[PDB]
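Following the hints, complete the assembly by docking chains G, H and B onto the known chain U.
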Amino acid sequence: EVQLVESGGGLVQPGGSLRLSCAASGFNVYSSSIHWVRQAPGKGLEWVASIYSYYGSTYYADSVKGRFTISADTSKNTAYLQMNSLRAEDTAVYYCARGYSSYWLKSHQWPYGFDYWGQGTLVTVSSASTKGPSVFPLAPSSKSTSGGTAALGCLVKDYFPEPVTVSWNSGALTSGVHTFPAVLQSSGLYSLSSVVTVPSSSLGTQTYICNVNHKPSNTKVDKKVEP
Amino acid sequence: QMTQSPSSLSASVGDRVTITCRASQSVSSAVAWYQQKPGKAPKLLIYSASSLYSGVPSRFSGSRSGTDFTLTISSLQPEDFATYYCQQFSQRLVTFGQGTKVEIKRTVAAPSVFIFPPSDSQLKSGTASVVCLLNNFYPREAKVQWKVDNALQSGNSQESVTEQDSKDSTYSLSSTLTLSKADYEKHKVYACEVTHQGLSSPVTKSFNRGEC
Amino acid sequence: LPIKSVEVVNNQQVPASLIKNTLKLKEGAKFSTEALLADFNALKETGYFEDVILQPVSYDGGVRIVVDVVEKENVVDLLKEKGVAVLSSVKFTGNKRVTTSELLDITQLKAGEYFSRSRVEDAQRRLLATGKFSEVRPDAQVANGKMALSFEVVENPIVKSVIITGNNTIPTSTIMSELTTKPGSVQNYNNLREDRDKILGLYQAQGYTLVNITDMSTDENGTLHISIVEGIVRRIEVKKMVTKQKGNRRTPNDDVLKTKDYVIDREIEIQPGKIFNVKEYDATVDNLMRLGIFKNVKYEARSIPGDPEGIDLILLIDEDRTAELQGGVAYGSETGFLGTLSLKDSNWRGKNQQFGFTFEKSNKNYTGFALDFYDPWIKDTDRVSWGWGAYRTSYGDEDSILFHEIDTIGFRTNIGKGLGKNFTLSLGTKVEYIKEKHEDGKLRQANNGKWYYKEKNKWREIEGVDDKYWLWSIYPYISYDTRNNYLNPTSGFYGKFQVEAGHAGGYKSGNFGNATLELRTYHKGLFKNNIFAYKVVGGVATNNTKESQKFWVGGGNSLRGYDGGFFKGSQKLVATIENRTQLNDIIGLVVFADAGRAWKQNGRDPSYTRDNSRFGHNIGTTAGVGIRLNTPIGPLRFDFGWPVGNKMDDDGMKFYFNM
Amino acid sequence: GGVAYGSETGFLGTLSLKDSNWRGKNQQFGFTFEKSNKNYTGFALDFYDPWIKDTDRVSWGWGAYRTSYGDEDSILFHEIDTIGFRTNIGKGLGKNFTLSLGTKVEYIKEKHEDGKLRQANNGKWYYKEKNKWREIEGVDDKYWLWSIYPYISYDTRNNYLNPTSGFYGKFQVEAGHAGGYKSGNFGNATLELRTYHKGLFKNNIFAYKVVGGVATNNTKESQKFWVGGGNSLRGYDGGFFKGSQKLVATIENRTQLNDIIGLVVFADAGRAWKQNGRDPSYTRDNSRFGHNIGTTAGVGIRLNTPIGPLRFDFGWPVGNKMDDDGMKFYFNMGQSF
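Protein sequences, first through last, are from chains U, G, H and B. Per this note's numbering, the very first residue in the first sequence carries number 138; after that it's consecutive. Per this note's numbering, the very first residue in the second sequence carries number 22; after that it's consecutive. Per this note's numbering, the very first residue in the third sequence carries number 72; after that it's consecutive. Per this note's numbering, the very first residue in the fourth sequence carries number 21; after that it's consecutive.
There's no promise every hint is true.
[Unchecked claim] With a Cα cut of at most 30 Å, we get these calculated BS3-like pairs of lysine-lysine:
no., chain 1, residue 1, chain 2, residue 2
1, H, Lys-718, B, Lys-222
2, B, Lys-294, B, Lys-129
3, U, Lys-213, G, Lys-61
4, H, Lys-310, G, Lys-64
5, H, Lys-432, B, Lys-55
6, B, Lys-131, H, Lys-317
7, H, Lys-345, H, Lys-269
8, G, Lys-209, U, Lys-352
Please keep in mind that the hints were generated in silico from the structure rather than gathered at the bench.
For reference, chain U alone in the conformation it holds in the complex:
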């Protein structure tokens, strides 16, 4: 029944501030350790901070020496991590993980490994926020319909960082789908596209419909492609 949930995450600009919260669900922070780690997108995990209660030791690993603070109060059985002056590398998910020493006597607070891991929260520091998807109607001239190889696409450019889907006839033509994960479009935005394969008998006269969903900015654009 023991689990942890992270909250208080959000979207900030560089030099901004936040407060991340992790709440226990069956153990008491007065004895456990509560360690904070982060995972940059497409990268490895990296320790952030850890507050051993029962000992009052609170020191942060490398990049948090003076920037953030981790404070845990046992009244609400939760640990609070402060955020301020965040920089580019801080864009990542954040996991709160309890550390468990194999010894039952809880005067031995050495970590020995993290077992109970929270859900994680996404914090983005990127500026130039709150902008429309500004998708690209990538409508290829086919001129290549050899069969099962005709690659169609729906490019998305300079769109606000968020999870955005790409559809193809509302997902009907999903054979050979190659919707790619979003990649930062150089300066300040992300970008992504998609690929499907269609036979030759349909050529390009078959009706393929694209659909995009920029939900956090409240945008839903329905597109189409014809040769």
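Same frame as chain U, now just chains G, H and B:
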């Protein structure tokens, strides 16, 4: 201190895999690695030399070889193909390894690459976007080269590769351009010379800017 | 690993000389978890710093002890070396306190320093020591050089009630009585910490050393939600203690214990369902040590996931030695094959059964055999002993005319039942074949068949010459044992009392009787490893017993400083006092003084010219020094006694070789 | 002979066949076999004639020895095998001066520690220190060894077995040819002084022994001078100090309390210098001859058992405590002095 591990490893179902993890600390150093599923969260499966009591199908195990720590996983399983990390505990310093990825091992094939030139919408904005794609080239080992005006390209390309699919298990790397309108107009022939181990000899694509 | 250099950092003003004088981890020292644990305790108790993060660093194939100190602010008054030794406002007056008098007196303006808020972090720490605050946030409003240093604090509400859950052993009234932060007083963080430490100490004192605290919280309503978890042994496992076994890995044969599981199981006193009474663990370790086949035992508490109170206590066991084969041979002219070889196996078959073959030979026509088997506890029984030992002894005594050569064949058997862990009642029988031989060339037999001995040119009829006879006897004996360890006992009592009565053949066929009382005790002596040991041996025998079976006094076993069999008779009493000193783990210095004499022989052989009556008279005394060294190949003894007091025998030094 | 066996260690046998009046010609003849836990094996068929029948005071003798010495603390020299057949002939210039020339032939096989040295496909050997490979040569060395030495000795001891007063100085100059790695001719010299004089009271004898020797760097590493053990320097493990320059001085106070025991208090000091060896096992290679001289002291028991002489030694490493060990035990016969 850096705790480096071999980043890329390939294996097969039923195989025995190992992952070394270098270290430099005292006798009281203990390591513990997690099978980080690629979607949700890592899960502990070893303490210093022994497994976690609850979650282990008696497969993952390891020991310490001097300053190098390794894993002896049993016959591989479909659900164990994920990212495996490494960590070591000094006096209040949690260090994490670079992490390793585990996937199936199989044969190669040949993709079908297109060039999608920007529409008028981008052309009135002043940016250039040219993309070519590689699919069903599952043994990724990615290497990509581009060339504008039939000569060369440098740095402008961005990379976006999808991991192995659920059914086809192949890869779908694509690379897209972002250049100013003046250079887009001035150049003559558009190309990306793409080749790698699963691509055999380089395949030359071309677009003479004469897209009527 | 050794130590190449102790390079301490961050000790910018706390003296490097003082710390290096205080720290004992000098260059070339040994690295051990216990060693650094004791060192950490020592520097923490010294008080030359408040917080220390001493991280040992590997350096040049050794260890570089790097100590990160956070010194306090109340030791500079020593003046024999010392530690770490324009702004206008502090702002943000508090609610419960004024945070102006309190700070500017105790913490601020002396340790606050008007800036550099490390001692101000310490200031909030002392506020938690007074506990009158909860959280302090130093927000420095530095404007045009000057700073306000706003100290946003959180104040502890007074506790309205204190609730203890899950104590289940100590009544809550006593727990509250022990509590210092009583209801009606302000909540106090550090007083809460010390109160929890005292609660743990009280639980330790009452016999429960395995209790944690888990939760020590207080909600917003000032309700101190105190939680205590007992810890109940759900499963106790036994595996060998894997120490620094140099040259050996954790192979399946190494970590497995040769001793069977039932032997350990029948000895464990800790029982599931009980809250780990440390007295029970002490009794278990005492029993295991008294078993003898072990050298060290440690316990370890491991949590069982999903069960908070559950503890998977695991016992650590060290094995000393099961099989031994020591032998020493001297030969070539002079004496003969002076061989002393043994095949002692005191864990034979892994059932704790003692099994051994002993062979001895000496120059004085001695030959010894012993196939001793002994089971102190039969597999799955109600504490019933068993064992048998077959022995042959071709003892020779050239000083006796009638008993020049003595042969013996014996097959003894003893079975005993214990009335507890200290009383042992046993009945043991034996059968002996003895052949006596006279000194050739000193006894003359005439044509009539009788034997005559020539003393001052006259013949004296001597009977029993060349005696061969069976010998059957039984004896029920009771023994009282309290020694902590059998191999190297340090304190206890050991009393053995046997009554023997058996039937013998040959010359003067009849039934003889015998009794024997032996007392052994130990107690602490002058100083460390100095043990005073007392041994008194007593026994009486009816005159019907054969001369060869009469009591003998002498040699290195009973009375030093005299030859074997110096005193003979049917009444023997020997008392010995020794002072053993354990200077190390491989040698032992022992000074011994012993006295005793046999009486009432009335034997036929005129060899014994010291037959004296008056039990309790002419008690010969001896004293000397002895070396009991623990060789790596096995125990060994060296004895040198000086016959003192009445010097009946003119000999001086005496040598003895034994284990 | 004495044998200990059964688990733990191995056949810890120390047997002798000393015959110091063999054939009735005063010739000393003996076979000595030793074995220990630290993979030691010893053979010695020593023959010595201090005076040939009807001759002008000319000595003679030969001793063949095999020593499968093991040193687990050395990576390159884990196992050492030796086969030697030495011969010494000497003529005396009086009853106190003895000049002698003695030769020997040795077959030595060196072995490295398995699992610690890695050889690559190129055939060369590499040792891993802080994740890099270091080329180490001479691994698995087998080589003959021929050497001769003319030595002069000065003797004035009253009795050889239990000397009480006198002087004993031995000086040998050794130069021989060795094969194997770095084939060449090496040199050696050795000076050993032993003296005694009366001490505090009856049976209290003060004894002084100083051992000195130098060797050129061309000598093989196995043949380099070793300091340690119960023979040279108590309180330290065998081969604690290694090098080409050795000087050890020992002072003992033996007391003959009776005819079967002897109380001895000893204090010794010395150190080898200038090793410059290939094996990184020796981490105490120190220059500056005459510096960092380790000191040791302790008590010893030299008891005269009825079956033969026997020695017991216990030394405390004092002064500079390079090694953290405390008590030391030693089992031997004869006498170091």
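Going through the hints against the structure:
Proximity of H/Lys-718 to B/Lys-222 is assessed by CA-CA distance (about 25 Å); at most 30 Å being required, the pair is judged to hold. Pair hint B/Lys-294 plus B/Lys-129 holds up; C-alpha atoms about 24 Å apart against a cutoff of 30 Å. Our distance criterion of 30 Å between C-alpha atoms is met by U/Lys-213 and G/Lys-61, whose separation comes to about 26 Å. Only pairs whose Cα atoms come within 30 Å are accepted, and H/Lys-310 paired with G/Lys-64 is accepted, the gap being roughly 29 Å.
For the hint pairing H/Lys-432 with B/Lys-55, the CA-to-CA distance comes to about 24 Å; that is within 30 Å, so the pair holds. Of the supplied pair hints, the one linking B/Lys-131 and H/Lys-317 holds, its CA atoms being roughly 21 Å apart against a limit of 30 Å. For the hint pairing H/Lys-345 with H/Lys-269, the CA-to-CA distance comes to about 23 Å; that is within 30 Å, so the pair holds. Proximity of G/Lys-209 to U/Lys-352 is assessed by CA-CA distance (about 40 Å); at most 30 Å being required, the pair is judged violated.
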